[PDB]
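Participant: Spelled out from the first residue to the last, the chains are:
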Amino acid sequence: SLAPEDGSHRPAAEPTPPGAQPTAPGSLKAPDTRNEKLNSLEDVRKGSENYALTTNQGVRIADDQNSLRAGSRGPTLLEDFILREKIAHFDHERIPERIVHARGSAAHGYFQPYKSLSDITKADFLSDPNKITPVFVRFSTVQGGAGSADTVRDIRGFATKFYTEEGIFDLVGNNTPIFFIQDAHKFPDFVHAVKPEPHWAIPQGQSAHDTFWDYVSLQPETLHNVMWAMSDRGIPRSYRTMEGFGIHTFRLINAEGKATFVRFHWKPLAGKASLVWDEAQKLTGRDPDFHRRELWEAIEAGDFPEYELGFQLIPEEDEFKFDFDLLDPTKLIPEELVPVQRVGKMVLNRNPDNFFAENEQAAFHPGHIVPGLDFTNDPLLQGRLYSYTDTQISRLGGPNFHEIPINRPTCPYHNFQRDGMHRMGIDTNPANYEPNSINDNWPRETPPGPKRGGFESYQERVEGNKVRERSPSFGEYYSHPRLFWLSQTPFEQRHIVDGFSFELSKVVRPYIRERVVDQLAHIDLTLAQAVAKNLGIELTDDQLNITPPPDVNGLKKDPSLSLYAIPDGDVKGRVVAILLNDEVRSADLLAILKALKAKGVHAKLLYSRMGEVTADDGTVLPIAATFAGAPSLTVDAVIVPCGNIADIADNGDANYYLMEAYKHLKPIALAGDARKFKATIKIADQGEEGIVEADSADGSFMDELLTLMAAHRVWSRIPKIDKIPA
Amino acid sequence: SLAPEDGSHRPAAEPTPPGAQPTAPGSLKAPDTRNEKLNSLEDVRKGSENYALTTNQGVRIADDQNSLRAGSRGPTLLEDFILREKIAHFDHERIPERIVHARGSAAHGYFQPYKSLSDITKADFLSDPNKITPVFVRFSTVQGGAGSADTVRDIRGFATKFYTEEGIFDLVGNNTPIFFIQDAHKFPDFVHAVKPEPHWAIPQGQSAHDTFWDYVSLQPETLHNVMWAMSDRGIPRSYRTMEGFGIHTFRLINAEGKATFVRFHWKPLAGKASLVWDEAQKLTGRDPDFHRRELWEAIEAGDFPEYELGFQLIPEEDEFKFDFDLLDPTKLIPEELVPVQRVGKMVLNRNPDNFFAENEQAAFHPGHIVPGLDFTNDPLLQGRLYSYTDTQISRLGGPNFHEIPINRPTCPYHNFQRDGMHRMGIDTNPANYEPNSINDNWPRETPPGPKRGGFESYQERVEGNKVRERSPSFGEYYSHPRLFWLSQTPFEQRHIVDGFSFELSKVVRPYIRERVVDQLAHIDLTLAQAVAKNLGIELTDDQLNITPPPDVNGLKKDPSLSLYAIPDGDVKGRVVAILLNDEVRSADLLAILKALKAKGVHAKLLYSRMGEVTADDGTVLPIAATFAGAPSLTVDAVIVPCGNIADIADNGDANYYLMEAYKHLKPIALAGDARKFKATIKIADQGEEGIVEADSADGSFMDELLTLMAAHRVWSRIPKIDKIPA
Amino acid sequence: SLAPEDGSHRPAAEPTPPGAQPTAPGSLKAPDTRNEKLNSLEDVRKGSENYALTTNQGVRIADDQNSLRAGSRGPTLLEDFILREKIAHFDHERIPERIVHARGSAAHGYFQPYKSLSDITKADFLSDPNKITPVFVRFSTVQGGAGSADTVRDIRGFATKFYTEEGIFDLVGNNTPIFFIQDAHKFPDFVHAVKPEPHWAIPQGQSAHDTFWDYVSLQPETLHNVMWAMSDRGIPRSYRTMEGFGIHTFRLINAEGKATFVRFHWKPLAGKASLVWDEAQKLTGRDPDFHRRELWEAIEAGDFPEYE
Amino acid sequence: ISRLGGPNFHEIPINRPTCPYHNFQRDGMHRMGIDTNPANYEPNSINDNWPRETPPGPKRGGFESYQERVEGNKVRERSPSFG
Ligand code: HEM
Ligand code: HEM
Ligand code: HEM
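Residue numbers (the entry's author numbering), protein chains in the order written: chain A, 28 to 753; chain C, 28 to 753; chain D, 28 to 335; chain B, 420 to 502.
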């Protein structure tokens, strides 16, 4: 026995707040959390306690510390079959990462609709409010490798596998409502442009390099999703606090055969929230696993990620009623024109057991639809349908990837396909072809119908010649970027200007910067001028005279495009740092922890060393991390309770911790003699909105802090932060 | 419904003789047959009846006859995900075949020992006569591809996977007691020499070409196994009528630590039986699947392949008591010197359900041993230990090939190995390393002991310098080929000579045939001269004067080396052709069938067309095949009953049937006017040994025939067959 | 005419200091720097300028901007073999990364001995001071993926392929003179313990987690290389300013058959230098490619990495 | 791609074109060709957009599909003319 006698090696199998217990595989942390898919994986879960160590052939091993050798200082012998199996398996551990979205984090959960949608769709998972569909969801960045950092500036993926009773449906979306390009033929060009450059394989996780901006300057259709990327949408706080979108128009098909166009939305019930760029960039260094960690720890705490599925629905007869093409995936459908109808709720409530087996090997593909859905001719969706099956057979080693446990349907699947590498299913059917008489033609085709029917495509009319040509209706590139720009708050605009300015400053060939600023002048002259000033570029008179693009169907703005213009804050699952001293005022700590607990906000107790400190009343406080070990970047607000403030008053790291949190617009709360830290961040005696201060930490102090936290950041401080050296 | 109304599409789920029903997947044919391994596969067996046809994602298919197109004469659309999945799976069905032994045929069964062998081995599967161990056995040729023919001249593999309670043990043997080469380093050279030549990839399934005999002529260590391959051992009648051998000396280790050297044997309880060359060669054309078919039909009829495991046991202190090295795999241990001790019985009693999932994907490797067994320094075994794991991860797609269902142990297996392509097991252990405290060090090592202990290698002494050198004790190449030659009957020796003469005739470079005749002259002069005569080569005076090699430990023959010197016939499961006419005498047929039934001998009723014929007394006789359709090659004897003989007397195919059977030494029985056929095979009026004849088919006509079948072939006919034009 | 008319898109083919010009493929930046290995690769180098765009089967492409569809707003057709080949190649670009040392940066160069070592070794590449051996060198971290950060705290790999006249010799070393473990049987245990933990796959590029220190606390043989990793050896300023070591004792064999034990070293002629931890950890965020970049730009500037 | 080990099967010597072939496709298992293009995407400025598209024409032109007229609904249906 190498475990400690006290049992402290094993985390409690109950919900616990971040940092309170070591994290664990999902089935051991939350063994009572079940759904049909989770249960179905029991055939392949493998335990360990009380079992002997063996080879993969079942032979017990006596000595797992040594190779077999001729004498104990002799050569290793070829007959050591136990060493060679162990080292061969290790030698073959890695598989290819995904070509894009290689970096991602996943969890299990469940979905149910609010009401039956049978009037618009015959899909079975949308038919009954009390029929629950398991899901597995992977969130991702796009450009970086599987070992890249989480809080980069990038688009994020949001892929949901729904294990329905009529097949797997994969809704493979991103966190912005449009993509960069119009036709899948260009996907390798765009991805190669954004990815590390091919001579030296730099930069990882960043679009701030010449080839990406070269492509953008030469392909104005990219500008819309570039605007989203350069805004704070490119730097979410958490995968719990971003939107999701399917991007393409799809179809819903009901039992009477009617097609309705649909775009898919996920609304985060925790609200929309993003980092600021200096925080995000520094956090890729202090904790490159911040989003993976925060997601796993939110589910271990019971702060399950919840999202509302929503549909924008457009009747068939209204296909051409907008000033943009519904099938153009560089155009969004403004919610002021077509509202999102609430459809159902998805809750992620258990982490996987083994990241490689369940997350790395999962395969999501947007051609996996079910009866009641269909595609459209969007030319980027069309080409996606070829790529996901093709790449998943390369990455997962052959055509039986649907038999890898995470990807298996929970509903029946039977057909005449056979063989392939690592075939697990042993078919007993005498026939491997149809039509057959020798098995009375089973398994059999099923006619389409209202429920449980075979799939039939909606009989869309196709009229045209065989052409490689872009629809002229797709040839407008600046109106949607402008609508997005005008819908942002002033601080969000400033952050967009700063994102383009920072990125193009890293473009070494100056003419590319100039060409991008010329594109920006076709969107908005105020944006283009503000970027140009930061680049040392002066717009020409012709640039100053470019006519702005038209409004989008009369809209001058749509506030649903902003992260912050409409309040939607939720503090449950956020975290505060509490900076301890060696004689903390216990009464402050009581009041602080009670008010945080009432709102579901977690706390991390920090100090200048690890171990414990004792409060004024004898209470022994364990320290979660040092001020340098868990920087302000990792929390949403900072509280300094009273005590022996002289202990930490001259500590550089405690002072910096407040300066960094202040620069990054976080609420700060100072009780009693902790108000002496007002001098590090230059707060006048009268106080400042976003700094909470009082003689002690009481009801009123904590309510004011929590109100600031519900607004996420203190935007009004922005003019005060350029002078702080942090 | 496409099945016929009378149900005649479905084979009866009970034992039936070959030809009486269509063959079927083993769990449908014999649902009541079970063992622990067959039970454990049930979780991956897939049915078919009454299920809908789906994609692999579980979506029901409505039209499995057509691609999606724009108009019914239009182009196929990329959005047809059901076509693309079905075609992608088909496109990736094949996996690499095995480098050697690619052609092979397998079945499930069980093994039990006759008594506990605990005094000599602590192997669990040999510890208790009530302990039943499931097996899976694959028999194979060596040189040809998976789609080559079965009845070629080649060595045969005989590989047994024992699913024990202490691990998988794979006994990976062949049907001769030695191999061609001494050191594994030469295996690619020898296999490249026997395989199809590299410019043009000819010939398939044949050693009769220049490179093979070039190698043989230059590597006299090969001559021992070459003698076996050129004997009728190279052309077995069935996998059920051949011996098996582990070849190498291995060790048994008992609970007290004592090592005993062992060589493994399988004794066919159906007896030893081979074809003759002209019959085998022609049968590769008439039925290239003959041995696969015979094995599967024997198991469907209940003629289960049975084999007795036996051990030759040599004490450690007798290592050097022989004229040859125990560790040299080109030497056999004569049974006259060290008897085979009977160990237990293996019965093969169920066919697979799916050939590719269970046969093609099975992986046997001789390094898979269990506590109670160990290796020796045989330098061909030593290098095998590297090859099998290496090649199986290449062929089966990654390091998780033990999770393919046929390969999985039935006993527990738990370790710290993770990931790899196709990973099925989902580990819940918090640790993936040891030593660990975080899971209290589980799964844990187990010390060696008398049962259920960890594996520990026997502490053999090693002393010598690091050298690439053959042991001088291995440098004797001719004594064991001579012992084999002298142990054969005179007709077995004729067929050896004819095997070398035919194969060397197909070597285009004459000097290679001369060099191989020179090697034969070092084994035995009568052999050498008889082959030389057939090649037009004259021995030199010096060749006529080479001194024969020494006897082996005083032996000038060992009759256990001969197929036929000691009768071990068994007629059960053999087959007779019955040549019908349009008015058969029914009393003849009743007697024939009743006597054959009583000895478990099958029959096939042949005619000049399919359908039925009617007997003298009105009995309707169903025809199994035409004369041309089921040639004499495929049966053990031929019976022609009386009746309207004029119906078939001038039928070329019926006369030819008897001439082929006659040439190949098969018993032939002629009743009543069927005696007219004596003229086509030139039999005298007074008869000859091997031709049974009488006014009717009984009293003793069937006993006489069945006695001839017990002796397999009519060797005394040999001098008569050269005159027959067949 | 997408290039600027002033030609400022193309870097000068002469040594230039970091940042002065866009970086480029070696054969375009320094066409006149040659060695026998670099010359032998000319058979497979592919240019681009002035050539038509083609499929991999050599068919010229007319419109690389659009898929073939029935009507310009219609469905994409299966017959579009140009789109299918281009997206099939893209779909299969990635190969598995190295199980360890997945993150690395490499360059070409050459080796010459100072004098003949025929007295102690018959290795042909050490037999003559005028015999130049081309090399290719890869420097690496150990634990993180290929897309992890360069200035982590970790051991570094220093692998040199010598293309000799009597065969390839690979000297596969690290930047500290010992390893963490004694017997290869334990290498999957130790690597599993330092790698991201298996439930959640955290942390990347760091040994600062429970399983690593669990293994170290139970296997005191690891403490010597742990000391080196916790020192500033674990955070080099550049691959140019660290030492290299083969770690193991090997043998040299001379023509007379005498064996001498040897351990191999590389001394950085630019000196030894390391970062400090707060700087290295921050730099993993501000520039995760800092060591790859610095090596590439040192070579483009003429500040060639040299090692003895 | 399954049978020959990856997407560079056209680099296996028997399958190589004898005419020029140049494009922006990169990587894949057993990649033989070492591309020197600064660009691996188009449109690009950094290599003056090379290698470049070629319009269709009477000789040495790029490939353009014959502009067949397609009219019909999306159906899984066999032409009656094939019955
Ligand atoms: C609306 C535009 C797109 C969206 C929203 C989208 C979204 C995503 C997401 C979220 C993933 C990762 C799924 C996971 O977590 O495993 C992914 C993977 C992938 N995507 Fe897309 N993508 C789009 C366009 C495309 C295009 C145009 C292509 C190629 C024609 C493409 C090819 C791929 C490939 C090859 C993968 C890797 C899939 C795997 O290995 O399993 N994507 N995409
Ligand atoms: C006593 C000498 C040998 C015996 C009795 C023997 C027997 C066998 C048999 C029976 C199989 C087929 C197993 C099955 O049915 O799947 C086989 C496969 C094979 N043998 Fe051996 N063999 C011998 C020597 C060697 C040597 C010396 C090497 C290489 C060092 C070797 C390499 C292989 C390879 C690579 C396979 C294919 C295995 C697979 O793909 O799963 N064999 N051998
Ligand atoms: C002195 C101890 C060791 C040193 C100095 C060392 C050094 C290295 C270096 C420098 C690399 C990267 C080569 C490159 O740049 O591609 C490498 C890769 C590797 N090492 Fe070692 N290593 C050590 C021990 C081990 C052990 C004990 C094993 C396994 C028994 C091992 C297995 C590997 C593997 C599997 C790779 C990836 C190779 C590839 O994919 O090409 N290493 N090691």
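In short, the hints are calculated from the structure, not lab data. One should not assume that every hint holds.
Once the Cα atoms are required to be at most 30 Å apart in a straight line, the calculated DSS-like pairs of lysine-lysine come out as [unchecked claim]: (1) A:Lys599 / A:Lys294; (2) D:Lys309 / A:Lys709; (3) D:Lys188 / A:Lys631; (4) C:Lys493 / D:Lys73.
Only part of the chain B face toward chain A is listed, based on derived beta-carbon distances under 7 Å [unchecked claim]: (5) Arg445; (6) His449; (7) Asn459; (8) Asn463; (9) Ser484; (10) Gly491.
By construction, the Cβ of each residue, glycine as well, lies at the ideal position given by its N, Cα and C atoms.
Participant: Against each hint, give a clear statement of whether it holds in the structure.
Facilitator: Each hint, compared with the structure:
1. A:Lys599 / A:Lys294: holds, 16 Å
2. D:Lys309 / A:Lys709: holds, 26 Å
3. D:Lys188 / A:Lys631: Between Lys188 (chain D) and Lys631 (chain A) the Cα gap is close to 50 Å, so the pair fails against 30 Å, i.e. violated.
4. C:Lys493 / D:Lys73: violated, 47 Å
5. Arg445: holds, 6 Å
6. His449: violated, 13 Å
7. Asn459: holds, 4 Å
8. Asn463: holds, 6 Å
9. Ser484: Hint holds; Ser484 (chain B) Cβ to chain A Cβ min 5 Å, cut 7 Å.
10. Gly491: Holds: closest Cβ of chain A sits about 6 Å from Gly491 (chain B), inside 7 Å.
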